[PDB]
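Every protein chain of the complex appears in place save one, which is left out.
We just call them A, B and C in the order they show up, numbering each chain from 1.
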Amino acid sequence: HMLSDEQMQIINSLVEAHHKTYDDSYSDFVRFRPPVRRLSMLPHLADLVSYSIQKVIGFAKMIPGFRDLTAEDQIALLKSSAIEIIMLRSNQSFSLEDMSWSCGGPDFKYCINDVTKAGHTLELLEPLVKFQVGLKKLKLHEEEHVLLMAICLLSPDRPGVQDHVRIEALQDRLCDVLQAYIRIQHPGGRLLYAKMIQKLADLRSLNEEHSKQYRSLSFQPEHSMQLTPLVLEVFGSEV
Amino acid sequence: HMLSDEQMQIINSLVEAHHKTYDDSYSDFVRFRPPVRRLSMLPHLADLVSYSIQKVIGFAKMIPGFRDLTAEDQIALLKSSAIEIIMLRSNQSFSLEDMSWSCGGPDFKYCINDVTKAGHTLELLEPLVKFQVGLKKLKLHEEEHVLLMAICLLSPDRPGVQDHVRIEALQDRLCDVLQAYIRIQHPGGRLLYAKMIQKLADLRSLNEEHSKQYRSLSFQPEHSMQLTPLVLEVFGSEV
Amino acid sequence: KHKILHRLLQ
Partner (left out) sequence: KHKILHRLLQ
């Protein structure tokens, strides 16, 4: 069959919004506190994550229907899904080739180890790399990747949300476009949609596992002091 | 005449404590977010100031009598006198030669202008340079400089302090050693003591003028978000 | 409060 204009105008919006919030050359990474290989990578990664939270917010604002939600629900979705969106968008810098996010020379190349000198057991980093590898293998078109992020950011099932029915609607519409698109434009994608949805579940686990780790980190002032105001807020529970 | 052992043991302590908290080569300044010439210098200077607050705390802990105060009064003195101590210790990097703090090549050389791209009018930076120049000209022995910082940090007249009588005592003792020292060891210092005390007053003005500027900066989240957790705390009024 | 997030969402 074939897509309608409305859906297509959504694709344009997300693909463009993402382009506007993701630099494939990672040139701003030098404005961060330099990396260092008790949690020497923390200052750097705190800046990396904070930088990205700002970017995720830019992408969310341009997600159709999202800005017409109440500050509370927007904030609700942002707070709860942030870390997830960070994990998805990160995929574009990931590399099965060397199992790591490559955003520069030796400096901005993040190995599994680096995230350890940032306050995270190795046993938890494991499921991350598995996710990155799995996600990367789906070889998503940029239209599918940008959709998947919108869908995730619009999960009605987030602690803090109110109008869970309106969010439910927006996400359902985004889910249609993704299915409709994979059909009309993605060959051999008969079982991709299912796979993409599955990815969201994993994000949930990773999300929760991070919560627990970040919770400990934060309760320790000599470490939470390394974080940035924005991160402390988005991941804090002052809600 | 000549100093007693007690006083002298105080000098040893302050001079050593300062040596332990002040790197004349400014090698850690590269762990800060790089400088950038709307307030592009803010991220850097926020890190510089935060770095220093940590150092001032290390110096304070080793100030005799100080750690035997209640957390509250220590914190009280730290919060209120912090910016002042930062201005004094900064003198060692200042340079009448080129009217600026030189802590490295072009990067870590702070001109009056740089503090402007950090959220501060030029009209307020003026009294700072005047202070730095005046202070620098007193050509203080390291023993006098380290004393002056202890005296300042122990000013009983600080909003928030409780046992203002015990702080009054400690500061009085430190004031003696300074006078006694300038007498026995500093030639032509017949009127230096008076000059050093005068410096404290100026610090008060500078202190207040900063409060007002930092207050505005902080109330704006797009700017306060640039600051560090420690700075937000020491200069915040959650007290 | 979420002062930062509010400002960022315009």
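The criterion applied here is as follows: a contact is a pair of C-beta atoms (placed from the backbone, for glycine too) under 8 Å apart; a residue touches a chain by one contact, two chains touch by 3 or more.
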Contact with the hidden chain (one of B:71, B:165, B:191 or B:201): B:71
Contacting the left-out chain in the complete assembly, out of B:5, B:97 or B:238: B:238
Of A:24, A:97, A:222 or A:238, the one touching the omitted chain in the full complex: A:222
Absent-chain interface as seen on subunit B, which is shown: 54, 57, 61, 67, 71, 74-75, 78-79, 229-230, 233-234, 238-239
For subunit A, the residues touching the chain missing from this view: 221-222, 224-225
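Here is the rule we use: only the chains that are shown with their structure count from here on.
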Geometric centre distance via CA averages, subunit C-subunit B, whole Å: 33
Interchain centroid distance [CA atoms averaged], subunit A/subunit B, Å: 42
Intercentroid distance (Cα basis), subunit C paired with subunit A, Å: 19
Shared-contact residues (touching 2 or more other chains) in subunit B: 224-225
For subunit C, residues that touch 2 or more chains besides their own: 3-4, 6, 8
